[PDB]
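**Student:** Okay, here's what each chain looks like letter by letter:
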Amino acid sequence: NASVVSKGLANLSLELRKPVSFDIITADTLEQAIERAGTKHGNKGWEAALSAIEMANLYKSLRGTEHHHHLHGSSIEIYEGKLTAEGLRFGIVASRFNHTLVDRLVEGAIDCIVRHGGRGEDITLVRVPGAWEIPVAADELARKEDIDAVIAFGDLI
Amino acid sequence: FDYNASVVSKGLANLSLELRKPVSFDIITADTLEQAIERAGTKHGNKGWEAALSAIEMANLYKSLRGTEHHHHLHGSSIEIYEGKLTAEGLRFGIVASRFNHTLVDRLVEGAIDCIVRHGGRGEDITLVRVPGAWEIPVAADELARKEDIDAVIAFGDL
Amino acid sequence: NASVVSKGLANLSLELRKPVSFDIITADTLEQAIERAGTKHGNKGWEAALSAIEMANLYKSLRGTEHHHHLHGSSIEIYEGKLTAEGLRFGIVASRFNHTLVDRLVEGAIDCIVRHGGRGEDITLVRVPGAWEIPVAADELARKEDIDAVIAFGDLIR
Amino acid sequence: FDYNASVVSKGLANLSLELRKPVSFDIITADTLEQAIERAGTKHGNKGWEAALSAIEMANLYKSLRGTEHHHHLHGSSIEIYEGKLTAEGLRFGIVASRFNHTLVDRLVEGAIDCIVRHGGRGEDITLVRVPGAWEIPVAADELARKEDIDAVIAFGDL
Amino acid sequence: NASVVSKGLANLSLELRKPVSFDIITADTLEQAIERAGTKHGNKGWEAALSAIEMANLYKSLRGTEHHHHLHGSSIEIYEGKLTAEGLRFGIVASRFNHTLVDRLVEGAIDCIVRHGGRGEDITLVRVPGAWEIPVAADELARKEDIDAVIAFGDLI
Amino acid sequence: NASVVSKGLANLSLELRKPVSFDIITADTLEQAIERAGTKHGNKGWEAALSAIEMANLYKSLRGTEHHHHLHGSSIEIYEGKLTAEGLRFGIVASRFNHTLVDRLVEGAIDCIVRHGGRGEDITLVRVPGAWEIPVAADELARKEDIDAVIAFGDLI
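Residue numbers (PDB author numbering), protein chains in the order written: chain tA, 39 to 195; chain AD, 36 to 194; chain tB, 39 to 196; chain tD, 36 to 194; chain AA, 39 to 195; chain tC, 39 to 195.
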């Protein structure tokens, strides 16, 4: 499975007369734990931002003047939110405590908004000393009329 | 029973209901291995945080000690006290780091730059110099120290 | 070795009367290993891009007309690829699978290119979900005229 | 002590009192056997969710790679990045499934259709083809792939 | 490490012709625990006041008409509070119960405000019988329009 | 791996009707030991010259009139040495004692300067009878105004 791609690139190098390289990495027992720790936190930030895009679009359609697809048959309205973060302004609140691991969640939540059609100019990040100040900082962000969703990352347990 | 994780959840939940905006609340979950990595990372961050903090205090102490300013008293007992304020406003600093073991010493540098900026230090006044190894530090540090527009020099080794 | 550097800075601080400081970061058995993995991955991407720079220069010399060097004063012509990456356009293909360790390779390769005179404007990065779609991504990118080399990084094994 | 089941009960109870409308709140209760069935069901749903998700990314990657569009940068360092947006708007897809073990593969198909629709994919553009077994897939998949109005093809086997 | 400073002061005495002394203290197994107990509480008061200076400055910049430094790249606004307690009025609420240890926190939080550019004339201290009266006493302090942050010290657990 | 090249060249020779020959060399235990020692010495000289190139560029930019190359986003300026030996003049000091070994170090360093864009006219080699004449000999070279770095190799130990 890994040897075939090397052969394909090798044949490509001779065909196009360009230097095309290929390299892999062998992992010991420890780097696998390090790699899995990073991916797990990245997914948690990815899912946290994803749950906010759906809710933001749900409010858009729930208060809309246009009803949509019914149930498996008909005569039963269904409301749900699309995963399209286009034109939505977000706000992220993170705690400085344990910043070596909280920043993984923030990076894993920014690209999720970006890859779903959202531009970085509509993202506002706020950092707080600890988890205790999160509710009172997210309150001030929500006072802004240019915010549609708030994502908060803590560090406990 | 945590008194911290419970109150933060109650506050955010009421915040969303009262303002009618979704507030996605997610926390971390580590089990005996990410905690060790996290504690190792923050230990290095604090190591470079306090290294740049003492330089600010000493730099202000020299300015106040040889300056002409009637200082305050301990409590009003007329015993004047000389101490260094933790306000790096107007101070210019220079950092020397070795790229050997750069995956760790860069956290020391990053944890020292924000310590200067948050205390009022402007970004225009921080100069960073990188060297292949610790054996190159003394000559590089000597060059920065002779400059008149440098109030402190911070160096980080390798281990 | 670590003491003479500290003593030299101590004398320098006393001479100039300013806070010259020096600190060494300790390391337990665990954080030593994570540092060793980081350096290993960084070097792996460093040499990966280093070979591409040499090969790109060699092909540019063969196609060109420059009798630059000779061997020991003899009339024979020895063709060699310099390690100056100025004026070369690169393309990097990386798999997002296990992006924690793969990103170490990507930054190492970019660091090697920029330190050898290369520019950031001439680097093109392509991300793919896995390693099985690298060849289709690579040959689509490699056929572009403004690409002098292509570097591909797969996912981890074992 | 759950921080999730407690806050949801408090919010709904106050919601009914403040609005004077009954809010029947019922949750699930499983003990070591429905949990295994539930986890088995959601594992298949995610299996077909990501299968259709990678097709969207690859389809957009090809369009952007061979297209004439100045792409954005990593952070502003001028290194342009090519990546596939997860917006299946305007893409047309074709799914081939085998009715062998239809009680499981239909969850894969159902978990892939909603993944396309929720990401903006219109329902008019999804075409589903069923075959008696996996041995009929290659010819059926070949017929769909040759169509010009097909941007991706997804197939599900049997086991 | 300790002998060199004594030699340096000794040479200074001969050079300047002034009596310059130097003294150290040797600690047994118990005074080390006593010393560590005092430092640990002093840090807790130091950190508690530090977390209030940052939040007070965060409100100043969050409601400001001037946006500041972006993320590691650009196009993403970041809001954070400087550790400059200049011009900020504070209020401290402490409980008389266990006053032999609560006063350590108060002293460790007053100098933190002082060493960061804050003058003592903007600090208001209020003492209460027990921890139960802290929320209702901090409420009255916050009613004052000349208060920007409230620090509360209890004694339980 | 080793045989695939032979098959590829055979097809290349047939396609162009031109002689193309490939062959490998078999080594016993003794020749393997001596050849890895020679490569080890070459790497040692390569590393020694590489550090000199970087340090020479660092000082050149450190005292340069121009100020640029700021950090990404922030306004702090980073000083670092590029690995481009173009325009730099070097000087190498080697001892005749154990010349069979030192010459590999010298040759392993000359190519490193040349392969990084350094001309051969800027390299100056100086040979001394032994390592005990290096300090004075290196001192004389350093005083020259057309020398940017000095590399010295000692005797075996």
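Keep in mind that the hints are not guaranteed to be accurate.
What the hints assert, rightly or not - Dumping the calculated SDA-like pairs for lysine to any residue here, alpha-carbon to alpha-carbon at most 20 angstroms:
1. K56(tB) with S99(AD)
2. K82(tB) with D66(tB)
3. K98(AD) with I72(AD)
4. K45(AA) with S51(tB)
5. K78(AD) with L88(AA)
6. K120(AA) with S99(AD)
Said to hold, decoys possible - Partial pick of chain AD residues on the chain tC-facing surface, computed with a CB cut under 8 angstroms:
7. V42
8. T138
9. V144
10. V164
11. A180
Rather than coming from a laboratory, the hints here were simulated on the basis of the structure.
For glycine and all other residues, C-beta sits at the position ideal for the given N, C-alpha and C.
**Student:** Evaluate each hint against the coordinates.
**Tutor:** Here is what the structure says about each hint:
| no. | hint | verdict |
| --- | --- | --- |
| 1 | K56(tB) with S99(AD) | holds (13 angstroms) |
| 2 | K82(tB) with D66(tB) | violated (24 angstroms) |
| 3 | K98(AD) with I72(AD) | violated (40 angstroms) |
| 4 | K45(AA) with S51(tB) | holds (18 angstroms) |
| 5 | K78(AD) with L88(AA) | holds (19 angstroms) |
| 6 | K120(AA) with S99(AD) | violated (23 angstroms) |
| 7 | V42 | violated (36 angstroms) |
| 8 | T138 | violated (17 angstroms) |
| 9 | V144 | violated (10 angstroms) |
| 10 | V164 | holds (5 angstroms) |
| 11 | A180 | violated (13 angstroms) |
Hint compliance for this structure: hints 2, 3, 6, 7, 8, 9, 11 are not met, and every other hint is.
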